[PDB]
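The data below hold one chain only, encoded as structure tokens and taken in the form deposited without this ligand.
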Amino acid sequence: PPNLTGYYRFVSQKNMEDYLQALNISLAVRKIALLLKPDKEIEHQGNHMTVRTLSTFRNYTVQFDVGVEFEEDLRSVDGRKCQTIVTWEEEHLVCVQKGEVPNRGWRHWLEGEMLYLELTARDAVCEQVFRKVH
């Protein structure tokens, strides 16, 4: 990852169900999601990032400064709110969303033109993969 900027196209996933069920999301909504093919769009200007998640149901956006804790507004997702902190170590991005649910956060890392991602909530682990295109 030079500068994580770009657009990344969906490639594959697994266990979305487990993750969305650990966040207690309804059935009517967590079987729409299993058929989605979301893409990632990223703006990156030396310490500050804008990460967008795009799909045909609804899109989700979040802004932050890495290394500075912020209150994240997740009502578009599960209805909650967290005090998120993002860092860069071991050569990959780590985010822990402190709040009501334990083990809530995620991890991003690169290799080639591939954008890997891991989602966590309680004991549930979710994996997704994207391909940079712009």
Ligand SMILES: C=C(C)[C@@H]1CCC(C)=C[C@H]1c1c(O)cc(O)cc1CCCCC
The other form holds:
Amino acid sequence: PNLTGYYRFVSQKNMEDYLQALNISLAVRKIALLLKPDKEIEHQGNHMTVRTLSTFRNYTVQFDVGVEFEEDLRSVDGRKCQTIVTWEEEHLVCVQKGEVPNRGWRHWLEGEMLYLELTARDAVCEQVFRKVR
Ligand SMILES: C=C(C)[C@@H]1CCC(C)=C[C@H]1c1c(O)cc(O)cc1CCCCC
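Now the other one: the form solved in complex with this ligand, given that the block above is the form deposited without this ligand.
Zooming out: every chain and molecule, the one shown earlier first.
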């Protein structure tokens, strides 16, 4: 599955649980829950760039599938992670090893629908995006 596209926010669920699990303060979560970010993906070979785009903050990550890298998440929750992305069947699976247990995420594609499950500690967030065209 090639994931290149621009994907427009559709919905989210339990994003607050996930933000709490990353130790994000109350004031910052209040605002972050109002963002409705898009995802832009460039997927060429087994290199991917993944952009989370919002009116106030972008977060970008680049990686080769299967190669561990240091992911600078300081603009998100203040941490760095040793991060690895893999293909597990048709799911793109990310484990972000560090201080926070059970931290990572899953993408999968179903037609125009890009699903995203984000996990941290006991928390699970589900986001959905719609591809354009
Ligand atoms: C880049 C952003 C739009 C923000 C940046 C600030 C925080 C605390 C969370 C991110 C966030 C947010 O506030 C709401 C979301 O729906 C998704 C994400 C991106 C989460 C990063 C995943 C590794």
